[PDB]
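A lone chain, given as structure tokens: the form deposited in one PDB entry.
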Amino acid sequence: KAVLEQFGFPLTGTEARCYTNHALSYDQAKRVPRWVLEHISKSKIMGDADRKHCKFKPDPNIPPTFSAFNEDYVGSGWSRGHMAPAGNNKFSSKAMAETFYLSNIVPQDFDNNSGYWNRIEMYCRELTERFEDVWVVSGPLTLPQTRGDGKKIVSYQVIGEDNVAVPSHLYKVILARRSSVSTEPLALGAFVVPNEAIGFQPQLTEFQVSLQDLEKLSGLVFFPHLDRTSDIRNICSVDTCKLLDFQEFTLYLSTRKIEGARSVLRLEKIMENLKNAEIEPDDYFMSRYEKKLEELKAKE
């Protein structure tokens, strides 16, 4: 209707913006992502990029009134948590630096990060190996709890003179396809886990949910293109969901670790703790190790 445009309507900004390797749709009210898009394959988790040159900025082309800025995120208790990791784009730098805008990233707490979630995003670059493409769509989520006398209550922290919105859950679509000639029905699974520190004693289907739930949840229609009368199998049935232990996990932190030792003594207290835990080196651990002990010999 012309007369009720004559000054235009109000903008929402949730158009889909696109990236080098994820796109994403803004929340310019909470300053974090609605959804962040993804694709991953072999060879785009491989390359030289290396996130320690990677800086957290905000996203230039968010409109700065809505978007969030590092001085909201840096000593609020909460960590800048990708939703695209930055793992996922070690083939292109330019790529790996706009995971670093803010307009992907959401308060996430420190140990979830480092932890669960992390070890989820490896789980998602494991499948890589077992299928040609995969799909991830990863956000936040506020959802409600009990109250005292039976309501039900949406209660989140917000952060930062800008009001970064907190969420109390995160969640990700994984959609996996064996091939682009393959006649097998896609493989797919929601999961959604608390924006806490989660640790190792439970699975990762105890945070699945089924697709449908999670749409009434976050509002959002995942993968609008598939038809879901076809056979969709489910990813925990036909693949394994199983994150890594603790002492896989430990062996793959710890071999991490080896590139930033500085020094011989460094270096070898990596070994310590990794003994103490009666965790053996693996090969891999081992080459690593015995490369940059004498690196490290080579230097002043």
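Under this definition, the rigid core comprises the largest set of C-alpha atoms superposing within 1.5 Å between the forms. Residue numbers count along the first chain shown, from 1. First, how it differs from the form deposited in another entry.
- After superposition on the rigid core, the C-alpha displacement between these two forms reaches 2 Å or more for just one residue among 54, 244, 62, 274, namely 274.
- Comparing the forms between these two forms, the C-alpha position of residue 264 differs by 2 angstroms or more, with the core used for superposition.
- Once both forms are fitted on their core, the CA shift for residue 15 between these two forms remains under 2 Å.
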The other form holds:
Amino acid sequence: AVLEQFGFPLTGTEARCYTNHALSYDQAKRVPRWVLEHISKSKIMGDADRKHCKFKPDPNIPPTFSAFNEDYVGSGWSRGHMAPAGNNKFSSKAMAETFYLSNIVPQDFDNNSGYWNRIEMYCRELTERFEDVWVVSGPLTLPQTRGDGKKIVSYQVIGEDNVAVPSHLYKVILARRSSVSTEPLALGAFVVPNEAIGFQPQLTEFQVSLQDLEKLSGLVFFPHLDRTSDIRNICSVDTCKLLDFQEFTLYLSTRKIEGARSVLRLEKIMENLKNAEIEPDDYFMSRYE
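Next block, the form deposited in another entry, ref. the form deposited in one PDB entry:
Shown below: the chain alone.
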């Protein structure tokens, strides 16, 4: 009665639902705590274009606890989306909502454009083999051992709003073969350091057990999931193989054909500069013919 006379303090951790993702926001760190999304074959197809979008504060966040572009611009860290724009080609609105800063963490440039991008590509690749893919992604600030042997959590904050820069990122992938398939569910949890990572490390190297990630993150993922349901490691029922340099450079150059002038030859000179082979790539003619 009298204890709650003026209300309990507010943490602001309630789930916020958008068109194709949901998130819980961390008001102290100015970053999401988790972002849940659902991927299917039809959702990664469409005409939504990120070039019509722009990062902006989430109007649903109280501005005292929101990040702003001034925090990121000039900080040496990129704006890293947790729910990617590439998963929302089907809806201009869903894609534009992924550019709210409530979906964004400070991320290393090479990591966001490289390794983490390839992990996002693999999740979309999974929709060719599973009807439905659920993904939870978010930031982590993990401890390290200090010179005297004590354990310490240390992370940079940037801007006037002290946006927290995570030391690692996590992704939980849950895939279901079909709505009526009796097959087991595929589940994987991964933790990737927020730094440049090349093509030598395989995705299985960053895998962790779901119980481990839950203890590190203070969250419990997919709490409605039946624990006696057959759930297999996604690295056992699938490959968890990311694209190599040739596949990645080839896929990116195919994407780049949607460009406006005849700078395609410069784009074509880059392909033989890295000595990638002559893939079909018939989009060259489907672009001009």
